[PDB]
Amino acid sequence: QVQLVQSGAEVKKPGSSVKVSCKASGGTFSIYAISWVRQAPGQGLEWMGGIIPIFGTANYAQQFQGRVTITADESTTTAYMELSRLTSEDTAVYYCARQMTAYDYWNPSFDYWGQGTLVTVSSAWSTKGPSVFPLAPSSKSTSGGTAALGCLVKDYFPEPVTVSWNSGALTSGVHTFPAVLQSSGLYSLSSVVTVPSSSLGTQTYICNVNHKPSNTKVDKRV
Amino acid sequence: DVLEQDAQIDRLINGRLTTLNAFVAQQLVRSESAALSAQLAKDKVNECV
Amino acid sequence: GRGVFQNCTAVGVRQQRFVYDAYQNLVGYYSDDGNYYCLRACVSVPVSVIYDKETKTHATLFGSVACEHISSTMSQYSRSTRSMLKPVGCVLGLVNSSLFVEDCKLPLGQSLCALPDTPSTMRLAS
Amino acid sequence: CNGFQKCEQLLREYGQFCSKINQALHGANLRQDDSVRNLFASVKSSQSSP
Amino acid sequence: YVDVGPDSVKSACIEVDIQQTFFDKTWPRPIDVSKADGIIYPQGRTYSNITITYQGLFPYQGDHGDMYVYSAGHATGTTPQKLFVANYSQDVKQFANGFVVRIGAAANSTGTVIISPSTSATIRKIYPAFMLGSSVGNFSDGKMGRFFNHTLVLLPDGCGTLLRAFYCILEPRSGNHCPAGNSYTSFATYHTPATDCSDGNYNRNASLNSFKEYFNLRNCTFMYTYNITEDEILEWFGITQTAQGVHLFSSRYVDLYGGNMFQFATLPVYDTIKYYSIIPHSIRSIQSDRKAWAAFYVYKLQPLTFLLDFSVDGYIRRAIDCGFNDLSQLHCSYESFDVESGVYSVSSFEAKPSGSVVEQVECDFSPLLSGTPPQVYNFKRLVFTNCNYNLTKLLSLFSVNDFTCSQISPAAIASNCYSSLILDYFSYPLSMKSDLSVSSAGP
Amino acid sequence: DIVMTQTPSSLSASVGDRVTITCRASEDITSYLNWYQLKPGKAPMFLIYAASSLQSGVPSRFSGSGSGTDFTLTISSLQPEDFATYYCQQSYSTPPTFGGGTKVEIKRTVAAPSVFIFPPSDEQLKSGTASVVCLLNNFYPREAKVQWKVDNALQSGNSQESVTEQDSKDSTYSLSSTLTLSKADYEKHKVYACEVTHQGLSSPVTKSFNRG
Amino acid sequence: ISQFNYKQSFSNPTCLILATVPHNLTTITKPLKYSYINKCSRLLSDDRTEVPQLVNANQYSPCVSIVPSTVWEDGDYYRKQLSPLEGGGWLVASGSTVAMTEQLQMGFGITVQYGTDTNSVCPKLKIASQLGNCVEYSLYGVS
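Chains as they are written, first to last, in the authors' numbering: chain A, 1 to 222; chain B, 1059 to 1107; chain C, 613 to 698, 710 to 744, 757 to 761; chain D, 811 to 860; chain E, 18 to 377, 381 to 463; chain F, 1 to 212; chain G, 464 to 588, 595 to 612.
Among the clues, some could well be false.
[As the list claims (entries may be wrong)] Computed list of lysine to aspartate or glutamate pairs in EDC-like fashion (alpha-carbon distance at most 16 Å, straight line):
(1) E:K413 / G:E536
(2) G:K502 / E:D422
(3) C:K668 / E:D355
(4) D:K816 / B:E1090
[Claimed, not checked] Just the calculated beta-carbon pair ranges, DEER-fashion:
(5) E:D49 / C:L731: 35 to 41 Å
(6) B:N1079 / C:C620: 51 to 57 Å
(7) D:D844 / G:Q576: 34 to 40 Å
Just so you know, these hints were derived from the structure itself, not from any lab. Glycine residues also receive a C-beta, built at the ideal position from the N, C-alpha and C atoms.
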């Protein structure tokens, strides 16, 4: 059995080289061919390069030629991908997929795929503590019996982030919204909870946001 | 210029060649004289010394 | 012209910036405008090929002293064999041939210096 | 010849003359060595009191 | 200027792939004078038994050179159709004069085909293709390797049993995968085994087929065809760009076994070619029939003095590069391959310049270009001292009808450093321009 | 280079329903097509190699059919695992091109969307950026159109759409739309409304909140 | 013309023949004007100084390629930007035009190779054969 372990997702500034590492456990690392393929939204999956460790020769796509260097180390059983002159178009999730056939790079079928590593470009952007915006309870906010209020995480950089309600006591009616890129370039996500208005009066609904890069935990009333 | 330089270098190297031809000839004459002197020295050591 | 300057005593009238010594070669006095600095001529090391036909071994030799300053494959020296070059006790030169010279060895051999004698088996007899 | 490479190419045409002069000097130096060896050999071979 | 085959027609260039990492694996091939590899061989006269030193264009000893290897096609299992080429087209290099090529250095040897490293095919005889041109410029795509100047193209035909030399300028093709066309990976040559190399059949049209897709050749002033024996063993091929024209040297004709090179053919080109460009050649084949071929090695030619040993057979089996070694310099001087044991003085080392020191207001030429100029007999002299002068601007300011410099280089006057500058100005007639001289019989 | 196009970008079928996916090829691919199943948060899984032979460890319901330009992937019974992206890639040429992708949606339940509008809190007003959140909940059709009218004027670009992942219990989607206005622009406006038209919804519903 | 166009190689024997054929060369076409390169120069990228390049003996100058086979006008200047491989900067070629003469005049420079041994150029003409084992080798090129 071959187990493919991708590197933890990383963010690299434009014009800075990024290294993505995929580790193969078990099987024969040298005979198998590992090909790097990336998924970009609106572009689909595109093959970038394919390398066989024993040969040490890496095929490269003509568009990516001269921008991508792929190295495989037999001792660590790890395949490394290097990309340079990063751009917003370049940002994508990279998957290490090993061809079932040991050779024959030209005809490629991948039995095993890596979990994938996502790389993003930061221009003049640095990690900072997030600003949490609660939703004020109001007649407009209340719909019939239930009034829905949520805390919007904003101005946070790196990591998906963890948001919990009542210190994780409330796991019911919580809605998780994907982080989006603002003009500032700081991710913003929404965590609205659908709860009865009477319940809001009886229980104080605090919202807790934990930022892993800045190691800051913020609790505030919503 | 290349044409002027070729003539100047050719004259200098030819002139230097004559001087070493004279130098080797004088060295050969001196070496032959030294060889005769060395034979005289052997005789002086063999008889007087 | 190639020149090396070291501190020297001031000489010459100073009306002319150049001092010569009975030849077109220039003493290059006062190379620095501020202070007198005597110039030096180009400095080079001679190379002698020590070769034995039957052994087919070649050696490199230097003149007077090479142990104190010159080193093997030195960047400063442009021409050795005109392509590529070709660590021993100081003598007439820093021979590329090693083994070194024993205090007592057979006198008869290829000519070399006051004490070094060249054998065939590279070896350096005394 | 001057150190410049252009002189060295011009030297190649006259190279044989330069080689002959170098060989003649080499013969003279070897002859001087032989004469020195013969002189000292004649002084040697005599038993000497300390 | 006649063309053997029709121009644009048939189909656009097949898709091609550049795989530099697969290519250039590198097998060391130092050229050796002792085995007489690459020796030009004096075309002038001949010698038997006698050993002589001759000065001629010669490869330097110990030169590995540049290695170029041709490879098979993509070979999809269902269809052998499809092609891939190396980056040798963008590997253009400049040679001052001369070309030396070694072919089939290790023919009939175990080898792995470049397209598939795992696949192993026995090494087979192959012939190099090149398009030497004087000036190299970027393509419309921007890839380097477009020759505006006239070029001579050497292309093997019929599996290398024929060779074609044609002086035709290359012209870009609008079709996809071709130089004028956008999204074109590389420009090179393609071959088909089924028709061109069918047993008992050799196709001269194979060169035309490569032209039909890759590029259109124009202004074909000279077209030549030479038969190739293709016996099995391969020797050396030499191109020399003499003032009269390019000269083709083939080692096999004078002696197949010897490897000595003689001038088989002469091609007259007035233009002097400065850049050499290699066209990659790939033959499509099925994976089972994939073919591996010996790499061809390119060596530079430089004027050198070489001691050459001529055998009683009259073929040079041994040579000495006098420049390569101090012992070689002694061998060249004595003119004998073996010299008796001795200590010999050799050319001394020379110091390499480092730590440059420079010792150094504005001489004015305004009076010379202003006012009313004097007559020749009443000349006006201007003296410049204690000033730095730029003479290049003065030369640009006035066009010079006659320029003659005596005892000084014309280039040297602008940049030389000296005690004082002297300038003179006077009015001179064009009729008496010839009469005026530093010294003249005329009064 | 060969280009591979998937005929269905997305389809909706209940569990136990046969699914047919068609892959179109610009050039002949005799038998060189590879099918990959991608589920979010995990690596894609090989299904069919050469479009003729099922990969080992893959259920019998997945089937490989078709030759050359046209290829077909058929699942006899839909399963929760089966509801994942499908990709067809040509193996004929050295540069492989993946298919557009096929998305499968459960049809177990149909739910009309619930729309509510929430005004920004005081801290947003002090920050200088005011975001109004319009929440759409429990809508089974993935496709929906959300528009913002402020003072009877349409808003674009400033409005953004964020959607939760499928609940998978009722197969419904929850979407929140936030509209951002500068403090001067926000203060002068008195009416903020989000109008949504939904295929599941019988009649388009507009949620409007008066300023203050 | 000697400096930037045609210069005979001094080492080879040098002969210059200037001849005009009024009616014999009917096939030869009349060129519109005689054309020669007055000055050939190479410009450095800095543009501070421009250095002229003299033609090598019996050689085609790089500036010649920029010049058309017949110069368009006297004093014409041709400028091209050099490639990075060419070292950058610009190449400037200056050419002059002389009106064609009524009878075409052609200059011929002839160098006779006395180098190689494979062949020989001579005029034409048993005595000449090997019945003469007496004096005189007299062979193809060596007498």
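Each hint, compared with the structure:
Proximity of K413 of chain E to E536 of chain G is assessed by CA-CA distance (about 26 Å); at most 16 Å being required, the pair is judged violated. Our distance criterion of 16 Å between C-alpha atoms is met by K502 of chain G and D422 of chain E, whose separation comes to about 12 Å. At roughly 10 Å between alpha-carbon atoms, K668 of chain C and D355 of chain E fall within 16 Å of each other, so this suggested pair holds. Distance check on the hinted pair: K816 of chain D and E1090 of chain B sit about 38 Å apart at the alpha-carbon level, beyond 16 Å; violated.
Here the CB-CB span from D49 of chain E to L731 of chain C is close to 37 Å, well matched to the stated 35 to 41 Å. Between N1079 of chain B and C620 of chain C the Cβ separation comes to about 39 Å, which falls outside the hinted range of 51 to 57 Å. The beta-carbon spacing between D844 of chain D and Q576 of chain G, approximately 50 Å, falls outside the hinted interval of 34 to 40 Å.
The structure is inconsistent with the numbered hints 1, 4, 6, 7, although it conforms to all the rest.
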